[PDB]
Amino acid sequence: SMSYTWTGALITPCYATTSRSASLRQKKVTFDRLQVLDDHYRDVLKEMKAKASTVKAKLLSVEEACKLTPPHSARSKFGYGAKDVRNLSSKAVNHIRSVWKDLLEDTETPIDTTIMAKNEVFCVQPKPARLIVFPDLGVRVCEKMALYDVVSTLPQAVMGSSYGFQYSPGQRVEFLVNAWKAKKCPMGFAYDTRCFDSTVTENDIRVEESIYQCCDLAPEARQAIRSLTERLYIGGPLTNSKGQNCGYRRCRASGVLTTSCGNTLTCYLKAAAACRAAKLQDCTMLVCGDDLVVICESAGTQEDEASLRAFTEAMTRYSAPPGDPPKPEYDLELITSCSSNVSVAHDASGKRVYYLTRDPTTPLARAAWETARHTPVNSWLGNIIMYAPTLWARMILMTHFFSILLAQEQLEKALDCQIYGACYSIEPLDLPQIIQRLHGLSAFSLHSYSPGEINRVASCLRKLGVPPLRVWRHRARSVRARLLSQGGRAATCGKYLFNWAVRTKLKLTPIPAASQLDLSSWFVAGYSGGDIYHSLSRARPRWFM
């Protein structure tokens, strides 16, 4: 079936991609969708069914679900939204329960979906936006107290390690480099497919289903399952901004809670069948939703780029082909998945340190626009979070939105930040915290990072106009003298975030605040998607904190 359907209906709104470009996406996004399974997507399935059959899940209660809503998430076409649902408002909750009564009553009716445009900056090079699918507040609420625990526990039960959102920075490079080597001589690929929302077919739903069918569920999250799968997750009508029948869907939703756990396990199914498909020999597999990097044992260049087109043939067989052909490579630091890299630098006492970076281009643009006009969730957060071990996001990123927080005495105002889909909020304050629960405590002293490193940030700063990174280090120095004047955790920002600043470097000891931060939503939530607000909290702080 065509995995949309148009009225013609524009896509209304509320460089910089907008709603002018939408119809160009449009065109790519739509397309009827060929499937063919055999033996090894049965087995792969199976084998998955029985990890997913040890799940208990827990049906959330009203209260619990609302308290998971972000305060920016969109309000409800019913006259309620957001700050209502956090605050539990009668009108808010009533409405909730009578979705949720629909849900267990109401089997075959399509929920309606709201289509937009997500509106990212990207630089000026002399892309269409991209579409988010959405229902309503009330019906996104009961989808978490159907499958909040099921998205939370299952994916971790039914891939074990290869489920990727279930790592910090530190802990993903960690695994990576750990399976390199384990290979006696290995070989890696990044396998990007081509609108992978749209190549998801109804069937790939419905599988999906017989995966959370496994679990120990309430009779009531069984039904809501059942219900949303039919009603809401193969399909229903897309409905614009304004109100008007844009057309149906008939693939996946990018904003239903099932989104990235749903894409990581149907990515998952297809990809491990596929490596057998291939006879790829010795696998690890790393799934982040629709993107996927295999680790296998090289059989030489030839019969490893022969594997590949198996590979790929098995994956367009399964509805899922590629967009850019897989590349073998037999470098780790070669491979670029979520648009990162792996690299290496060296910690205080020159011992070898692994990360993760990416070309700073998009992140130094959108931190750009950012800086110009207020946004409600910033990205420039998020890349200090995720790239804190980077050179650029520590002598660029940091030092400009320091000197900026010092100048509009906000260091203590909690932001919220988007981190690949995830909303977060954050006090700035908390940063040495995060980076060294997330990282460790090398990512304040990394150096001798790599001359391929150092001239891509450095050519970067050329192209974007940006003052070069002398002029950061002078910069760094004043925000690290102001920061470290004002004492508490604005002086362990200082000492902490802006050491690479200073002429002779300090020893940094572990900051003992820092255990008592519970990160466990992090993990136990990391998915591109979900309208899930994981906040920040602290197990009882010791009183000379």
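Definition used throughout: the rigid core is the maximal C-alpha set that superposes within 1.5 Å between two forms. Residue numbers count along the first chain shown, from 1. First, how it differs from the form deposited in another entry.
- Only one of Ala278, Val99, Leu356, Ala422 has its Cα shifted by 2 Å or more between these two forms after fitting on the core, and that residue is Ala422.
- Once the cores line up, the CA of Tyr527 ends up 2 angstroms or more apart between these two forms.
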The other form holds:
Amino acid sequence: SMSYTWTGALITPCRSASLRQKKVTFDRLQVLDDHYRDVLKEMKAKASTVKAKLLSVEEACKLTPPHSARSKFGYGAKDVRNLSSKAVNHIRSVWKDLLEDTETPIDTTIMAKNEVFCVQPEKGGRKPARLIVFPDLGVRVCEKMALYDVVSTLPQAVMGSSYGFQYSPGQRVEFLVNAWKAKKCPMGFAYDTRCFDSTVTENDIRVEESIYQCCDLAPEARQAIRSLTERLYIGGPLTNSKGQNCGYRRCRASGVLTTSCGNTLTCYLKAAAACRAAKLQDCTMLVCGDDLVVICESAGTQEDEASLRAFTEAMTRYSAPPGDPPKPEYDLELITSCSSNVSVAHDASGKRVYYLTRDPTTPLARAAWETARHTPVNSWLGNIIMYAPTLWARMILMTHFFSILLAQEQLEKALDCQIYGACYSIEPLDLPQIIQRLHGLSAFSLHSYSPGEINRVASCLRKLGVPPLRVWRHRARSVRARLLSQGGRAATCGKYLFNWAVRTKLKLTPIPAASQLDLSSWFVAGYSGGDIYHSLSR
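Could the form deposited in another entry be shown next, to go alongside the form deposited in one PDB entry?
FYI, this one's just the chain on its own, none of its partners or other molecules.
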């Protein structure tokens, strides 16, 4: 079937949408084999060990982001979080309807996503806007009731150590380094699927449900999962922001609770089956949605090239063709997975420390957009948290934003940021404790950065018109001095985040209060498009 069908009614604002529509619109041809069936049975056997809880209306309401799109039925995210009678009554009727109606397609809104990318006129032109498909607020709360515990627990139970979202950036690095070191002669590659969401078939969605159905579930949760699969997950009609009929979808919706979980399970299933078809030796996989990384035993240069073509042919049959053809790599640092690469630095005692980094162009351009205009989500804050050990996040992002927060006297004001797909409300004064917990004390003492990493950062600053690193060192010293003068958590920000800036670097002992932070919900699962929210506690 066609991934999408269109009426011709425009994807309306809340211009490049038409270019995206052409790429994502195609008929899918899927052919399954015994490798696929074997991997599926193995995945199902692991899913069989899961017991999932039905969330109450209240618990599901508490997970709703405060700025989540309002319902077309006379209530918004604030009403949901406050447990308002109107919101609650509507949620209970949406739920009752899921239990009673097993067939009627549920309506979804289609929107062009507004994302900031860097204006590079050297290697090509402007990329089209991504498309977001999501159901009404009442349906989104019901999804949580039936599937929040499933999407949070099942991927790890099924995929084990291959499930990427259970790891913090440091644990992701440790996984990859250990996998690389475990091989006699390692070879690794990233597999990029062309428009993954559009490659997801109705059968892929039902196979995914077959995995969810292996959980121990309450009868209502079981019915709701069955109804949500047929009425929403498999496809349904598309409505633009103006309320007009845009067409229809027969592929993955990017804005449903099961997007991340479903994409991870589907990518894993297809990739593990393709590994067997290609006869890749001693495979270690790391999957994050449609992002796949494979580390295996090299069979020789020519053999490795042949095995990747074979892997690609199998992924193509399974309806996961490549965007860019995969390339074998013989250094771990050369693999870009989740837009990131492994790099190494030294701690205060000269000991080797592996960390995750990336090209800083997009993070800096988005930070520049956020500094210029008020935004709902602060990507700069997410990049500080995720890339805390990096030269660019420490010297540029921390320095720039802490000088702004000092000037605005907003150090204690909680800000919303995304941690892989979920929304977290974080006070910037909590950054030293968060960083210590996710990356370790060494994140504040790292030095001896690689020449390639230093050069990538420096060239990027030049290209974007950002002052050089020496200017940032000078700015951090003033920022640090002012933070120190304030005491408490503000002084900790100065002492810990800006220890790299000082002439004579300070000792740095663990932050006593860091252990108190409740990071239990943090690196459990991916919730991209899942409409998930949390406020940082203790």
